[PDB]
Amino acid sequence: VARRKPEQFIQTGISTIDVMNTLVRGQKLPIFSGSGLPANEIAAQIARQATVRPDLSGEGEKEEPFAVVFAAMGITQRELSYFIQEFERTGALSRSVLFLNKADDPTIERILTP
Amino acid sequence: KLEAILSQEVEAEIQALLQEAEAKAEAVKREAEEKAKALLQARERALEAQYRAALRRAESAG
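Chains as they are written, first to last, in PDB author numbering: chain F, 122 to 235; chain H, 3 to 64.
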């Protein structure tokens, strides 16, 4: 009851989404990924090219701070650093909250952390 | 006369050829200006990028 239909779209920097599905606030959109397939590569693209329209939709929300939250649930040696070095590309490491869970970290905290 | 025919078969070729080669000497030179301009257009954007990134980094860092 407290929600209502959103309608302010964002630039994901991938054309295909912002035409066909239209990724708006308060909406989920899982990115299905196979096993033997990358998952990391594609994810990074959405994180450094996530940005509201300034008035291309008829308005912005750039007037209020945009920020990102992260939380990984099981990551190796490469996926650890790979994410961190693209967050310095993002320029966000002073306005983000990271809840990294590794595989060297307990297996029980893989469902707590979410 | 007959020598006046001879001067006209030449005088025709030697303007066709030299008009053609003053429009290749134009053409190469037009593309040469339009390239140097564009290799500096990409240089202009690059520097800007590096400054917009740079300042954001120093704001976050601090």
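In short, the hints are calculated from the structure, not lab data. Just to be clear, a hint being listed does not mean it is correct.
[As the list claims (entries may be wrong)] If you anchor each label on the Cβ, the simulated ranges turn out as follows:
#1 F:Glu182 x H:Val30: 45 to 53 angstroms
#2 H:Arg54 x F:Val145: 25 to 33 angstroms
#3 H:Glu46 x F:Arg174: 36 to 44 angstroms
#4 H:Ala27 x F:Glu185: 54 to 62 angstroms
#5 F:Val190 x H:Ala44: 31 to 39 angstroms
#6 F:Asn142 x H:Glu46: 15 to 23 angstroms
#7 F:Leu221 x H:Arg59: 30 to 38 angstroms
Note that CB positions come from ideal geometry on N, CA and C, so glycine has one too.
Against the structure, the hints:
| no. | hint | result |
| --- | --- | --- |
| 1 | F:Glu182 x H:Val30: 45 to 53 angstroms | holds, 52 angstroms |
| 2 | H:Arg54 x F:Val145: 25 to 33 angstroms | holds, 27 angstroms |
| 3 | H:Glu46 x F:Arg174: 36 to 44 angstroms | violated, 26 angstroms |
| 4 | H:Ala27 x F:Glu185: 54 to 62 angstroms | holds, 60 angstroms |
| 5 | F:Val190 x H:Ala44: 31 to 39 angstroms | holds, 36 angstroms |
| 6 | F:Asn142 x H:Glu46: 15 to 23 angstroms | violated, 36 angstroms |
| 7 | F:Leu221 x H:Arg59: 30 to 38 angstroms | violated, 22 angstroms |
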